[PDB]
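S.K.: Starting from the known structure of chain D, arrange chains A, C and B with the ligands on it as the hints suggest.
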Amino acid sequence: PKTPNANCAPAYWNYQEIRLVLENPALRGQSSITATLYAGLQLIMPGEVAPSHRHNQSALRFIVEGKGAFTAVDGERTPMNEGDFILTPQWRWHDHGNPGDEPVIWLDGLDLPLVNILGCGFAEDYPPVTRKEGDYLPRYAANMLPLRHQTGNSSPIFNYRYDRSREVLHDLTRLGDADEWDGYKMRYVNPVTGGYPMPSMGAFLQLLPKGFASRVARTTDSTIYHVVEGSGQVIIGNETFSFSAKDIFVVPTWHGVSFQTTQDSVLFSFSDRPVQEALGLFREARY
Amino acid sequence: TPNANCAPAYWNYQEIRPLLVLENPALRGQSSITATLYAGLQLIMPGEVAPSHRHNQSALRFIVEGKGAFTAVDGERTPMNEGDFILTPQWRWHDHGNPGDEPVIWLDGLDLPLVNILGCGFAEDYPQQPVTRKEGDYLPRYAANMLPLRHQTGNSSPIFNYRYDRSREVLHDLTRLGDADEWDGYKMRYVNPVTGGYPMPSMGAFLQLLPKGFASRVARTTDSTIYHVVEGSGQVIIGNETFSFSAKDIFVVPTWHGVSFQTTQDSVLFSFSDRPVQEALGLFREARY
Amino acid sequence: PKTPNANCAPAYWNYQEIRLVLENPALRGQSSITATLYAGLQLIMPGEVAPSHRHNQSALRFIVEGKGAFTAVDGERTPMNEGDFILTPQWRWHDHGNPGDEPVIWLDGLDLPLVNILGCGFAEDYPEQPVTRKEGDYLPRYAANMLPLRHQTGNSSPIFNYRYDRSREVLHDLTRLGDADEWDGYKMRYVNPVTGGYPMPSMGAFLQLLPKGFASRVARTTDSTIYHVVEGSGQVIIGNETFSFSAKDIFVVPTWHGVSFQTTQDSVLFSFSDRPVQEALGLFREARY
Amino acid sequence: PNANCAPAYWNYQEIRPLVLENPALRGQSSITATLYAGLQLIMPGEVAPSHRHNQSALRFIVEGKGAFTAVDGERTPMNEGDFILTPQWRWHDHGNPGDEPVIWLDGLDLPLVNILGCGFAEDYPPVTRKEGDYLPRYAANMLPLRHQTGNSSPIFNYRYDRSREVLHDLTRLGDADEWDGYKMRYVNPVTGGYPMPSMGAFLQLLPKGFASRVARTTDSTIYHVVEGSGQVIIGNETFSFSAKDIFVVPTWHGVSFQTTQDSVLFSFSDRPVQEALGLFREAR
Ligand SMILES: [Fe+3]
Ligand SMILES: [Fe+3]
Ligand SMILES: [Fe+3]
Ligand SMILES: [Fe+3]
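Protein chains in written order, with the entry's author numbering: chain D, 33 to 51, 71 to 178, 183 to 342; chain A, 35 to 53, 71 to 178, 181 to 342; chain C, 33 to 51, 71 to 179, 182 to 342; chain B, 36 to 52, 71 to 178, 183 to 341.
One chain only, chain D, in its complex shape:
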């Protein structure tokens, strides 16, 4: 088998859908956007709350629209705002609600199909705030850490705020030239290990300035992209798609990808890269 087999097709969804909702490709009725990962959208209507649970599946939430909701992790709440990269770690209590006036929508991504082929699905229901909102900020997210922290699997940061993260990308355009494949791209980091925010999924935020025509890249990580702002086209080895704000597309293994933008576009992505790099199977080609 020279070169990676498909396992997943290129795929586009224009954020004119419902408006929970699964997104799947060439894996019809497998509930999975990739062969490894799951993606879908989720709505919480005003007043709704959810009970708190825990499972081995890892999960990220990237907020699409709506303010006044919150997600809690292990007793701590964090406000969800547009573009926030919220995580709920793999064996930590989580729940949410909005006592607000706005429907709130987000992108969920979980490694359900991967945990399912590894055989490692466990889940339990809670039988308790105790944790001031905003705690994780100074405790883990200003380049310093408590003396006796101790964790294994982590990222005590469960909200990579957009206002922060977007700002990074913008400050970087004053400081150098864009990379010709990816624009101004950065990976979200676990400040305890320098590693991935979560063990199975890696996550990225990238800016592609107006008028950008990057080159062709391939990676082994089938990749779920999400347009947080901006617009233009993408080419996914051959197939082309037009994208506008809040669309979502998937780039399968070894499919060349390129971007041609007509606005300053900020793309969010995630994939099983960490699992690949852990085994020594990640591979990249810029051409």
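One or more hints might be untrue.
[Claimed, not checked] Listed next, the in silico SDA-like pairs over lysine to any residue satisfying Cα-Cα at most 25 Å (straight line): (1) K187(A) <-> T228(A); (2) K265(C) <-> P201(D); (3) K187(A) <-> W142(A); (4) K187(A) <-> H225(B).
Since the hints were derived computationally from the structure, they do not count as laboratory data.
M.R.: Positioned in the frame of chain D, the structure of chains A, C and B with the ligands alone reads:
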């Protein structure tokens, strides 16, 4: 609450020896012994030689029978003997031959299904591959508790033959030193000497002696497991199924299925699984009842 | 011994010694603050330019006073403000300037004694060093909880300036969130965002907040510590001996000497030790009484 | 680099008739700035009480059959050339219930630990493990499933019969390195790392008429001739050597050998700590 599915399976060596023979559980069509792992009986007949190739799927070969063939890795050849845990590490050239009489059969293990779902399948042909390293080279270099001061291996173990003469005598020395674990008997894990880790990044491999008359306690793990009976006989209990086993048989213990063994005869069980990947993702879990 | 001999003796200096000036305890003539670390006071006069070099000795610079000056590391330069914990990683070119008025003094900490004992002292002058990197480049690239994708690093925190204004705000933000640790106040370790570990391999660095009125319990650690009052005032009880402290002073707690505090104002202490080397060797130890 | 110690050599046999090995650091009781070395004798029928300290130590047997060292449960015979470890914070003792004097080369990290301030130690307020237990458990490329240890190799005697046979096996597998001959580092099978965190140990075989070229490293190294004879150069100041002699190459002093026999050299230094700090260097 748990899950998981590859189904318990058994194959008897006498009713399957009349033959590569892929074996699947209840994933029929999927060329796979587990949801992540592939396993087969390979046969190389006197006079056969396979050209050199490389692929980033990791692989192991446990010799079931036959003497006189050799496997080669990145240069050096190694004789293949009954019970040898040989491996062809990931992106490193490999080939094999049988310049002897006697047909040589072994058990193949590959993380095929796993690399296909991850998307990382590359492979290529040697452009054979001259020897370079005297046969036997790796044993003083990497197998005697020392190591060269300036060596750059990578992801996998420079020992590509963990020999049974050596490994069967560990388990045997261990019985005159102490109690047998009550679930496992005398079980040990093969180890990469450069890192202390698993021999290959995606697969783990274990050997275990279960003394004659042994009746272990029930255990579960998250890592679905492929067992090979290298020697011995007895009964096994896999979550709701029970098999009688004998020399060379093969059985699979799917995730979170209770295993326990009942032995007549000192039985040596080789197995393997995708444990390293679950430990790498903080998903491995064990319950010993 | 039973408990660490450890020698450097308890010491206190007092910002009354205005003067490139180092501190020695009871190790006279060794230019050592402790048995592994050097500490002193360097002044840059309004106009000076240091040429640029690299050495195996790690170094930190913690600004005590004056404004206008900069330091550069591998090309990029940053402003120096009161309370800033700046590094010059080992084997990477560094220099500074003062194009301003106002003399600029800082505390130097370097692993000088240690590296001599270990035998690892290399020193190179640069041939006549340009910019390369705009000012405030490391901030968004490494200090905002994200990293570049193909970034190459080595043992070195790419963050060379842990600003005080961000750092002081952390400890403040901590007071609003919970009680004070009974032994340290509100204490945090500066962290290498690439690794999560120590900013330098031989040196560790802390910032703690000791609210007004606080009366800590007594603690001990094997790491001989250099404390520096960025602000505030109070008492310190360093194993049987006690010192009065005020803004900018420095004092040393030698290994396994009990340390406790009693502040009359909200106090903020900078400290560093050879902790990292002791943890790397599994020799670090603390008792919280 | 400065490196504060000097080149030293001691003629075994001369010295032979515990003994501390001090260079030009007169009084510091340290063969290097970081390590201590010395000979220890254990007369027939003498037994030492069990004790422990967070200082690391090794023992390389010089001579004498009979006798053993016990570590946390198990004892091991001491045979000429065996690299025995007493990991930090693990009870150790020894004894010989046989005839004959038992000499051994002592290596410890004492200067390092004082300079760091981490000296703790206990006088043991007892078997539990059969002799040779560690050999199948740890030293046959396998390991127990639920091992867990740290900061220490579970193998506590790297038998010279084995170690020596490695070096021998290697002369049949390829050529000598122009600098070291056939050299090799002992390893912790649980980590692939060094047997203890502060000290690294090597065994090298210098063939018959070998004549190495010049090397430098930043770790002050202690050599001990297990067998053979020859000359050594240590940044100037050469030395002629023979069985069981010991010498020291200070940091960034060039080292070379010229042998007349087929000689084996055991060595230990503070390399682990260096490389851990990113401070280790080497020139050929
Ligand atoms: Fe959930
Ligand atoms: Fe193959
Ligand atoms: Fe300097
Ligand atoms: Fe001792």
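S.K.: Look at each hint and say if it fits the structure.
M.R.: Structure-based check of each hint:
1. For the hint linking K187(A) to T228(A), the alpha-carbon distance of about 35 Å lies beyond 25 Å, and the restraint is violated.
2. Simply put, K265(C) and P201(D) have alpha-carbon atoms about 21 Å apart, close enough for the 25 Å limit, and the pair holds.
3. Proposed proximity of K187(A) and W142(A) is supported: the alpha carbons are some 21 Å apart, at most 25 Å.
4. The suggested pairing of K187(A) with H225(B) holds, with an alpha-carbon distance near 15 Å, which does not exceed 25 Å.
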